[PDB]
Amino acid sequence: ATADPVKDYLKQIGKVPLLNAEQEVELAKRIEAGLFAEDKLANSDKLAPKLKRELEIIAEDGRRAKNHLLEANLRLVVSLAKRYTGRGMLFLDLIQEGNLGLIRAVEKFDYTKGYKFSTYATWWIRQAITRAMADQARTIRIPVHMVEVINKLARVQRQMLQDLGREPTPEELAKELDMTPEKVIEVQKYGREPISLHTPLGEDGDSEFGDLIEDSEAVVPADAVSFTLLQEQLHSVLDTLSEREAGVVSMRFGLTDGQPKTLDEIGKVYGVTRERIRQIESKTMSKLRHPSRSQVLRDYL
Amino acid sequence: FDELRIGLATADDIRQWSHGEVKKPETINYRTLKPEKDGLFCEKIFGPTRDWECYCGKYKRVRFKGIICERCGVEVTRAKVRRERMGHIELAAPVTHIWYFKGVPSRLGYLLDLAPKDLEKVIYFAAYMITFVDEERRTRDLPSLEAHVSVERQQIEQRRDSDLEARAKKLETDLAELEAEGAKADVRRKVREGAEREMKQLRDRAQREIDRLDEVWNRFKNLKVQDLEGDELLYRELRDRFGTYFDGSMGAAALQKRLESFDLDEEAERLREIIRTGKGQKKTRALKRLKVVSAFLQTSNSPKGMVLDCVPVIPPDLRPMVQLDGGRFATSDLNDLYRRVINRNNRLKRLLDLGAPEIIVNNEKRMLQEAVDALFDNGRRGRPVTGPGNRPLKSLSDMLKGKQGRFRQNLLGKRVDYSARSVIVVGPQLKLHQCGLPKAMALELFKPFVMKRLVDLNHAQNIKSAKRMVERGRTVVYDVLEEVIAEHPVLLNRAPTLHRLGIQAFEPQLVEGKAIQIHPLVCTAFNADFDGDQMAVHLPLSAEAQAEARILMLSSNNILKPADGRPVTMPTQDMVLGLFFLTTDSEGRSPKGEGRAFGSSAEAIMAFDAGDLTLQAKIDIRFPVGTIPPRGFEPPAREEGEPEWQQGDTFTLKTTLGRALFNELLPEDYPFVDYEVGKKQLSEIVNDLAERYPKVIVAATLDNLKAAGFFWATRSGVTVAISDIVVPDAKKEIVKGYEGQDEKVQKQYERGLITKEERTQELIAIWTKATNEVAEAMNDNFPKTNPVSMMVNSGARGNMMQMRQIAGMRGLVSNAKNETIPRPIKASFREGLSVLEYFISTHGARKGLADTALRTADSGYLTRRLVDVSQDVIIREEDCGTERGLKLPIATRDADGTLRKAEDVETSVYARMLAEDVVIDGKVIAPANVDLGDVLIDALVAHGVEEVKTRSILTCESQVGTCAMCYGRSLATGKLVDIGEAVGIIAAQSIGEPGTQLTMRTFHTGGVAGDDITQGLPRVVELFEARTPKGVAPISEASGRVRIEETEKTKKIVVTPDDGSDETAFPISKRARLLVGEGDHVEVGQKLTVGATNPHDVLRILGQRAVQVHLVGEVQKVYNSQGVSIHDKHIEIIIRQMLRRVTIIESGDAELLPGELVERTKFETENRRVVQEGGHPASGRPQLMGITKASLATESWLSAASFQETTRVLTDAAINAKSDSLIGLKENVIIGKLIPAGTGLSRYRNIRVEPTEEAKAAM
Ligand SMILES: [Mg+2]
Ligand SMILES: [Zn+2]
Ligand SMILES: [Zn+2]
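In order, the protein sequences belong to chains F and D. The first sequence begins at 210 in the deposited numbering and counts up by one. The second sequence begins at 7 in the deposited numbering and counts up by one.
In short, the hints are calculated from the structure, not lab data. Some clues are possibly wrong.
Quick list of in silico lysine to any residue cross-link-like pairs, SDA-like style, CA-CA up to 25 Å [claimed, not checked]:
1. F:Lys-216 to D:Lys-823
2. F:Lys-470 to D:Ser-548
3. D:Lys-762 to D:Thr-774
4. D:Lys-470 to F:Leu-447
5. F:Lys-220 to D:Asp-124
6. D:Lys-409 to D:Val-431
7. F:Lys-470 to D:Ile-1132
8. D:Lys-409 to D:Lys-823
9. D:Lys-445 to D:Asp-331
10. D:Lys-86 to F:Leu-421
11. D:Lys-823 to D:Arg-836
12. D:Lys-71 to F:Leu-447
13. F:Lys-398 to D:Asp-124
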């Protein structure tokens, strides 16, 4: 009810009864009792209503025992989640994801292996915690196999650093891990953490890092003025040429509309051969290629 | 744009705004850098990231715009739509809003009658809540449940009796068998002790089972709505034992289930009932609860929105993730907070998918609620979500607030295009309206105009070639630039911009160098000093902007400062010294050619160039026809036998050459000024010129004065060698005598006959006497010829204190924490200090620097608060129909046989308007509705009037705003104020301008704290904040008998008013000073203890006029103590905006809440409409409130949102569903519409222009 809900959660765990061996094997037997009983209830066969109510009571007892096992094992998941904390994900979120891993773990347990719950649960705790850390910690999502590759590379790079006391070349790390050096460069480029936009610059407080960046998508008024003047000048030089030449060039690059047209496409509405239409087209390109009608367009690029 | 609404946004509104669900937390792909599908930054929901492209790579063409892609669903459109398109996140379990819950209780509101700690318990998943109870069903079957409980008790008692009988039989059996076996001598005692231990333990668990049954019974017996249960076991056993009777839940869903069935109209009804009858803090509780609940009744917005089910998302541009150099990425913290909320919502959905324990689900819902709270307010509760480990993440609100918020950094003040900045240099060759821009500055500012003119002048074929030449920078570009920038004003501006004259439109002019060349005549109005001060140049752009620059803003139209009407564009540093040397009298300087006639000024100039006549020498110089004689020379005209007039005729004058030159500077129509000019008389001359000549003539005359002042100050004979600074020769013997008597005192103190404190007091007294005496000797020493006196006695630059502590001794100088060293600095700066004397000087110096830094900070703060409180008052009527006014005194402190005018008439009565005609002998001396200048006030005080009735702004009543006539003539134009002039901002700036100029601090407290009232700027801000001053001076409520009651623990005063009035008692401390007579005569006028009176009770017991006079007089007596002159109408505007709120009482027939903040006009309208209905009106008392409280309590919530408390007023507007009319200036600056002041009024924008018929007939 106060601040620091980590303390509130730890007290919300409370004085749960820790389970010595016969207690949790009896609880697991009751789990099986409830689960097989509700499985029998799930069948569509008609039995006595009293037997159905008894099986429902067993199912409720099994659910209660499942709950009790959860509150018994919230201690171990808290003790294990703290091992992987302070790495971009919050401590209580790690606790909750480990709780997901533990409720996945206990569901897949059988009493045939006479082992304690710790050595079987810790595998799923570590697996779910590292999967959640791979999936949700970074702002850009990295798949779990990429995460395990990159942090294996990080740990062997740290081993190299503590071994020879010097920064290794990427070629050495590539050849000692049997991947290509360009792959190593790519994966350590991928393995980066973004910096927040709202970082203060220094003594000044109003000046932030966010106002220093520009945007390439911003429209430049000079560019738009150049574009509309290019359109106007192109229309003017089209009007400068002959009417038929203007008409044939207006369709070859589809200047009038959004679609260009081929020489065979315009040979029906106007009715000339491919030879003549391409000849007059190339004549128009040559005439516009003359240096007289170039300075009006050469600076326009 | 007519109205801007606000309110609670229910989930329907969020879904209407939204375009999809942000189901997944990830933002962008890690290799292709493309936005994800149905996650954050989604192109399907928010829009495409390129222009007319879609996510799946198809549909790249522009022709088929406005269609939906089949593969990926991305609409093809512009990339800017991602600045305006939002989605939403669907939360599995509802969460509360941190703005309403966990805030000021005036906005939490106690809508549900719950303590805030109870809310913390219930909605943060630590204590249960009962949402609904079938009370009538529970009470319907009370005998049945009572019979069941009785049956349970009966069977409990029966099994207890059976167990007791069995235990007794077992105890008897074991005692008998261990007493018959005889295993040990006293084994029966041991087994009996064990049996009785079993007895007591089993009896304990029996009483304990009885106790839990009793406590659950009495807990269920008193269960009702709004009931909490901290213990989870107790709620669980109520659920198990008792079913389908009471409905309860857990978390914010409890608040939603309560609010969906919350009956609030009858709540307001019974709450009004408890308002009607009661006493104590219950009145305040019910008052706040009714002022909050009644908002939901009148307004149509449902109160569902306090607890929310959906969370809208910022569009992705406003929370960007921008690519940088080197592959690094930068994202806003909003994306991280949204990612946290989405992750926790997905995990909660996963837990709800399967069967999960209640503790885990409750913890997940709690962390979801806390993450949503951190999104809305990171750092409101508990430790903020840090992130990287250095700083807290900034939430939505964290950028709607403060200096980094949108209201204060990107809406009121914005960056601008077409602007430039460089250092400033002085140019005497400029006119009054000219400034010199560099070539590069003028090319970059006027670049598009240069390209337009280059294409017009066909130096380049098209626009691109013109830009290429401009970037290359050929000489033809500079030539066409010089052809363009003329007749095109620019706005120059200094960064502090303390008052209205910080922005002045000049005409640019091409100069070399890299500095802006600025007229010296105007640099003092900028506070500009050429020590690397950098001035920004802004370019008016359209026709309207440069027209307002030319007409309203020009530097040749801003002669008079609006603070006091005094001229400010005649500086003093160098030209005043030149004119002083030009016009002073020949004292101490050998006058050559003294007393010889000259035919004209040309002959005098020829003689002065020859060298036989000095510049200042009493000569008879004849003047040509048309020269107006002096004011004092007209009656003593040259004696004439026939009738003649010297008004236009020639004349001879006994004046020097220099005064003839000075009157050649001034225009020919001005009378011959025939005195020492100095500075003050120069200010009077410039004031008269501005009052009696057009603007262009005044600009020309000040330009001539500048040029000649510089010319003669070059040859004035000022310089500072160390021989010019002279120490008094008597200072040696004066200091010798004083140190001799100090030595005598020191050997007197060595015997212990006097204390250290008394010796210190008398020593600082006698050393202050010594420094005053050597200052007088220094004044008696220097001649008029040395340049330091010539530049300090002329009003040029410097004060007598500085010359006192350069030539004479430095005097007494303060220690740390404001005391005085007994040993003063006996060495002058010309002589040079010693080591430790210089150390004690540094003590004062660093404290002074820190003091002026904090002083300018607080002055800026006070200026901003005054601007907010005093804005949105604009001259909006030509004239009122009123005739009421203020009885301002005009003649005061008259001696025997003579009448004298008031000393501060220049700031109080001047530049006002008479309410009515004044008559003394049946004839009007001054007509109504005219300004009061020198001549009219002199005529009135000569005729023998004592007080005048000036039509000021405090008495101004009008339909809207204030009128021009009731305000008085504007002090910045010299004429009547035009309708539309924003007088409020001018008043606020004029009050806030000399805030840095006060430079006051309490020198010494006298060894006691609290005896001295606040001085300087803290006194001003304490006065305008309407706070009670630190030195409280109580005022008697009525005349009567007052005596003292000197109780040992705490002093006491008692006044008993006569005429049967009730006794009132004032508490006074055991402090040193009380000035009232015991058993003496007292009345309402005086104060029981000398000190600052608390103005609240002054208003309460004296009246509105008395408190207005007191406030104006106090702030003016603070301002007059330093030399800064502020006209009293500038204060009167803020005081009128200060007393506008009225506090009402006994409002049982006016059907509104009694005892809150009520506007005066609204209260009067309510009174009119309730006396029209026949009901008796409600009473009301005026409420003197501070500038901040009056600024927050305003009708337009945009202006209050732009001020300090920007979260409380936003929540207040959302709760009250108030929409603000856009009358005002902050709310029109933000939107970008034209402000309704000056040119932006309706009566000015609605003009239609057409040429006359003869005009078009001519051409
Ligand atoms: Mg400076
Ligand atoms: Zn597509
Ligand atoms: Zn008026």
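Hints, one by one, checked against the model:
no., hint, verdict
1, F:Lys-216 to D:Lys-823, "47 Å, violated"
2, F:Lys-470 to D:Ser-548, "45 Å, violated"
3, D:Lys-762 to D:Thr-774, "18 Å, holds"
4, D:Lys-470 to F:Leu-447, "20 Å, holds"
5, F:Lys-220 to D:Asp-124, "19 Å, holds"
6, D:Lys-409 to D:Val-431, "33 Å, violated"
7, F:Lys-470 to D:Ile-1132, "79 Å, violated"
8, D:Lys-409 to D:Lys-823, "33 Å, violated"
9, D:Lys-445 to D:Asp-331, "35 Å, violated"
10, D:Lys-86 to F:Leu-421, "20 Å, holds"
11, D:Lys-823 to D:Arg-836, "29 Å, violated"
12, D:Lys-71 to F:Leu-447, "28 Å, violated"
13, F:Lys-398 to D:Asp-124, "51 Å, violated"
Hints 1, 2, 6, 7, 8, 9, 11, 12, 13, counting from the list given before, are not met by this structure.
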